[PDB]
Amino acid sequence: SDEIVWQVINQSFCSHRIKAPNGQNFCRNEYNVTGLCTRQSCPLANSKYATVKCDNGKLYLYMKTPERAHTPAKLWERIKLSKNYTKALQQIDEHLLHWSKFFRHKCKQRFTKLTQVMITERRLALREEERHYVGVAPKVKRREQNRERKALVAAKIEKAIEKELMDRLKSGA
Amino acid sequence: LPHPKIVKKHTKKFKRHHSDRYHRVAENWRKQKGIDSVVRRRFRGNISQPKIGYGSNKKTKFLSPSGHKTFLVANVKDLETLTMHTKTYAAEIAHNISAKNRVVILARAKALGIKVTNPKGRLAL
Amino acid sequence: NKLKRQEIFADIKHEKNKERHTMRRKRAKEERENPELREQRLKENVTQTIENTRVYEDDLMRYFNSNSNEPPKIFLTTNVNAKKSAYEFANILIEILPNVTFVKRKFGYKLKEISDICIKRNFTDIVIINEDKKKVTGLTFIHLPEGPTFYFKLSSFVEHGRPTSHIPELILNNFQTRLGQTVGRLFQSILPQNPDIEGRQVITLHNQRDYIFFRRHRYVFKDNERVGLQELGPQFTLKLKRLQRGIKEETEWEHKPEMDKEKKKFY
Amino acid sequence: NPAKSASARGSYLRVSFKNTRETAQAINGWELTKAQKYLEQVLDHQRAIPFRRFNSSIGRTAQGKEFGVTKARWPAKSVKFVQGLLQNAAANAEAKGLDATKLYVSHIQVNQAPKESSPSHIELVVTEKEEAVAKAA
Amino acid sequence: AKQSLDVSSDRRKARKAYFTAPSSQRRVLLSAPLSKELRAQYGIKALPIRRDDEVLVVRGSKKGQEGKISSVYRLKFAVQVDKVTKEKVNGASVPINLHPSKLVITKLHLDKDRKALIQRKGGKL
Amino acid sequence: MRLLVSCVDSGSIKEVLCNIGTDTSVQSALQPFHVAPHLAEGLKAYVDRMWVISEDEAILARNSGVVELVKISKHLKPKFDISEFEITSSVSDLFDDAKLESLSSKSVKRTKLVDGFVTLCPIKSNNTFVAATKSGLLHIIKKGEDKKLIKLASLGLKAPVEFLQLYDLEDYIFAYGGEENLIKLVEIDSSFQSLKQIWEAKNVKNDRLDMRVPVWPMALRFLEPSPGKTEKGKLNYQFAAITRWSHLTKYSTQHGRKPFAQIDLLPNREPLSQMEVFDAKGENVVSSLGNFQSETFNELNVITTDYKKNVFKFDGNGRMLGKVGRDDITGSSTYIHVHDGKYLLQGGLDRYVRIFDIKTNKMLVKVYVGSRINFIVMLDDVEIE
RNA sequence: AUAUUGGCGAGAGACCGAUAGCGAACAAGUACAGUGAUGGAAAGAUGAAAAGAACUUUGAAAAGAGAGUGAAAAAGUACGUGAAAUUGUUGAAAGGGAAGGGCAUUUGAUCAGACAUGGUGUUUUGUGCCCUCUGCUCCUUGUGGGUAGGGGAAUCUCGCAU
RNA sequence: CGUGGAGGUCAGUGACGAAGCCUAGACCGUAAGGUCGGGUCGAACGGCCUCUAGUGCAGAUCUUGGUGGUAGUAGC
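Protein chains in written order, with our numbering: chain A, 1 to 173; chain B, 1 to 125; chain C, 1 to 267; chain D, 1 to 137; chain E, 1 to 125; chain F, 1 to 385.
Treat the hints as calculated values from the structure; they're not laboratory data.
Note that the Cβ used here is the ideal one computed from N, Cα and C, for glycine as well.
A few of these clues could be false.
Keeping only pairs whose Cα atoms sit at most 20 Å apart, straight-line, the calculated SDA-like set for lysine to any residue is [said to hold, decoys possible]:
id : chain 1 : residue 1 : chain 2 : residue 2
1  : F       : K44       : C       : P145
2  : D       : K96       : C       : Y109
3  : F       : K74       : F       : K44
4  : A       : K156      : D       : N1
5  : A       : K58       : A       : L36
6  : C       : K256      : A       : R78
7  : F       : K109      : C       : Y109
8  : F       : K109      : C       : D132
9  : A       : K58       : A       : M118
10 : C       : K16       : E       : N97
11 : B       : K100      : C       : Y109
Computed footprint of chain C on chain F; a stretch qualifies when at least three of its residues, placed anywhere within it, have a C-beta under 8 Å from a C-beta of chain C [unchecked claim]:
id : stretch
12 : 25–34
13 : 259–267
14 : 331–337
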């Protein structure tokens, strides 16, 4: 039963539970809509669930029902949302007919967040960066410091400058 | 989000009594059990012992000055959990994460719009 | 046994050092008696320094480098959101460099757009610094008219005199290698090519193994046919990077960690 | 500036650490030739090493007026070790080609060593004095 | 997973045995694989390595170097290969120790005992 | 072996005559028998494309919009013979920078975008050659009985033109492309006075970010016609091209306009160019013009060099077979070529001429020339005693 | 069938890990002390490979200065890392028969201080998962999923690109 | 709150640097403590549910070890 599973996952070491310093428990399950391990939010403890996911740029409406609880292979019935904010929201509302207000509202919120996350193309389209984050290991740092000091010591910059000056102004102007 | 003004009720660490005077005494707080100890009797002019009074407000508890709760992140998968709580939680990269993974984590955080508490860690532009 | 090993070798070192001292004293005495033996020994013994153990046209100058036919025009700018350190370094760069007009990054003028505007504005070379922390970390020079770009890593920086109004004299050394001589020619062209003899000002770019030191001094010739010098200005190092043939196209050198493994063959 | 500086070090020397510190402080900041001459004079008791920190039960001598402290001493062994180290530093500088007349002890340090005796490590650095150069109108 | 009760899966016991193993056992320990070209010929993967054998270095800083074995240092669990030496700053040449497991045998020094061992190990000649 | 090296810094052809194992970097190794420059014209007129008509003649296409016919003679200076080069005839005024300058805007970088030759090979004995340019002007030059080069006709193409590969797997069709220019198949009339476009490529669907996939083919290599029945109207042609965005696009006119399979050779769309066809066993499986002599993509092994320093080898499925000269190449590989099906010519900004063994991926020759290398041709592989 | 802290030979630990574990991880019942019955410790680790600093030079002897191997000598046979008490040099501050701490503010020095940069609806052009015709393939069958071939924008803001 | 070890768990972290240490750095919790910023370091360790104890030091004229004032003093 869901209640037994809900109790077994609240306590008794649910696999995906993150103990944040604030005390909030964060769920890392991909199918979760809020990412938090709470009631009516964890897909495992809820026979009926709805979430929005996307492999490619297309956004899908993943939903779960008790019918496929016996068949974990094809539990979710994803449907394409025909990417467009207004019509996608209308389609989500139509699909989630008579569903809980919580599920509908949070699915719409997840879809909106994912759609606005697609703006990442803006950063990729207008980046023209000349820095490209570079990491330097401490071992490389040591070889770039002690060797530099040795080169400076062996260079004899003052002596070289004096020799060059004594040569330039000894055979011409 | 105009969150309530953060009030700490205290900004000085509750250093242990006589910690500065004696080196062997650690700064970690430890209640004085001495019956005749003046500190145990909270005499005037002595350090202030910790107590329930200094409790931080629930709404402002665990809130950084930027107004975002800190959350440790170990990889991209962990960072993905903050997709729906970007405005309330700030990603924090662990000290053991290498530069190779750190750059990838930072890129994904920027793509998702998740603020990074400690950027520029082991990474040079 | 740790104690046995420590004790046995402690006595061995003392005896070896005493024997070496006695032999050296006797050899010095014999050399004083017979100086020729010192010459014979020196002819066969060498200090084997790292330098001693090295492991082994006309259109180019006029095309990919500046010349005295026309005065160079150099464009100076800093990275986006640059801190005060970048401007402080640019203040020194403008004084050192000739005809430098500092500009502020506008956060959106692409490198291609910058090059196009410079062509419109008739700018010879573009110098852009890099700044990650609150210190200068990288220095880049590009010769805009079909010239290459040189990226330099600045590691050391610190700042006993005041430079005069006379143009410093440019001197170069240790540029035998084809890769090195290219950097030397770039430094000669970017720096002023019309020094003033009066003022006794010298600007030098010296490299020993691979790091190139930027130092400035004031020199005077003495009666002993020897010239002294005094510190004048900052002191910092540079390290070429990727030596791109174009503005940002094909890379020539691309100094990577793969190098420095041989501990020699410095470029 | 390592180019214009030379250093000499002495470690694991069976010498009185307290007297070594006093003589090092006395000879600190003095010119190489002047320091050597002062040490040589001390060898003959012409001048006395001023003792400031470790100066318990020290008599009053007229030679102390030079350094402003009446208490003074003549540590033969410590001064001998100091002058030997200075000679080693001068030889190193000569090998480096530095001008001896312009050398001065820019930094001299002494510290304890592994142990009833109290051996100490002594290290000093000799640097050529900076020379100013006139500008041009 | 082990099944015999006469074999102990103890790290301490294995470490003690390996370091205290005699020269006769160390001979079996110092075994190197044969080049696939030789494997097709003799139908054997690995054989004991001796002085007269010729081996090729496939791992380490000296990769791609091949030569005859000057000696077999059973005490140090390493072997020396001709033309693989470290030139000291004094001009002296010192062979570089190499573990047989990191070297590939290019040729084998045939003998009556070697041929008998090859035949016993299922090989062909 | 005897090789000719094109120098851009000096604008002269340098001849390399050395045996296998030569290495100028280390004195202990063998040194080249002889090396010297020939036909120096300066950086302004450096050689762009080269082709060996015969053992005693060759044709060059300099960057100054001039195509020259060069006579080759052999004479003694061990006791080896050096090569002397002389010019018999040439044709100039083959470049038009006006067409390319107008395209400077909207480009990637280097607003100059100077015109240059992209291909120089015979049309086929025939005495006819094709000289294409980045400006889209395709010129046909024929060596007549008078031994003087004459421009038979001039043809236009949609600039910019990064490459122009002809078809010769009979078992006059060529494919050309460029920045933001789809691959097009063009047929040339026998008279060579006009051309005809017959097929054009179609861009693949959008990427994950719902953004048009950039199109920038750099090289192409034709294959034999696909087997089986052919549909009416659709042509029967197969060709694989390498794009600057690291997309191993495979095309089949029999299937459709769109590529039937596109694979990312390297992540982050690393720059790539200098496509080549080779075999793991080092065989002359490529035609005279380099087209693969096969009717299947499963047997296609190619060599592509990135712009920074590396040279990559890829199979028909995009899998990487290993780098070439990873520990020796320290600069961009401007030009590569497979000679005789086993020798792999290499060169670039590193100012070094390298010969690699395809089968063993082992360097064989290393000769220092000083000037950057843009084209290498091996006249012969005969060793010298 | 029963016992077993000795002996030989084996298999294991929710055991300790160089001030712990048998007194003894190493020259441990060894040095050492006792006329003697007896008592009884301290001590592990360089580096992968000694490749253990070639050679020049100041040095009654010990240590240094150059120079050099090694990724590192910020690993020197006093060697895996180098904590507190303590001692020396330098920089800063304060001090008439000592000081330290707390509430509270001014000052030098010093640190942090976007690799933030767009959003909305309109106005052109080119594409696509968009319009149209013909198709292929998965489950089960649903308010579905995946994927090709031929045509276009003058219907086109359904998204993307300028 | 913290530590030694164990079962499970993060298809965890880590030679592109795990532990420890230093830090006139900041953040979080009233605190036990935890996180991150910078330097040395080099190869194991951690997020969380439970089990387990040779589990937390300011003293015991405490034990083992190291270092000072007295003091360059008495003294030889």
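We went through each hint and held it up to the structure:
1. F:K44 - C:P145: The hint holds at about 15 Å.
2. D:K96 - C:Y109: violated (54 Å)
3. F:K74 - F:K44: violated (29 Å)
4. A:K156 - D:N1: At roughly 11 Å apart (the allowed maximum being 20 Å), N1 (chain D) and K156 (chain A) satisfy the hint.
5. A:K58 - A:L36: violated (24 Å)
6. C:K256 - A:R78: Between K256 (chain C) and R78 (chain A) the Cα gap is close to 48 Å, so the pair fails against 20 Å, i.e. violated.
7. F:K109 - C:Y109: holds (13 Å)
8. F:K109 - C:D132: violated (26 Å)
9. A:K58 - A:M118: holds (10 Å)
10. C:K16 - E:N97: violated (28 Å)
11. B:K100 - C:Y109: Given that 20 Å is the threshold and the Cα spacing comes to 30 Å, the pair is violated.
12. 25–34: Our answer is that it holds, as 3 residues pass the Cβ test (under 8 Å) against chain C, meeting three.
13. 259–267: Our answer is that it is violated, as 0 residues pass the Cβ test (under 8 Å) against chain C, missing three.
14. 331–337: Since three or more residues must qualify, the claim that chain C covers the stretch 331–337 of chain F holds, with 3 doing so at under 8 Å.
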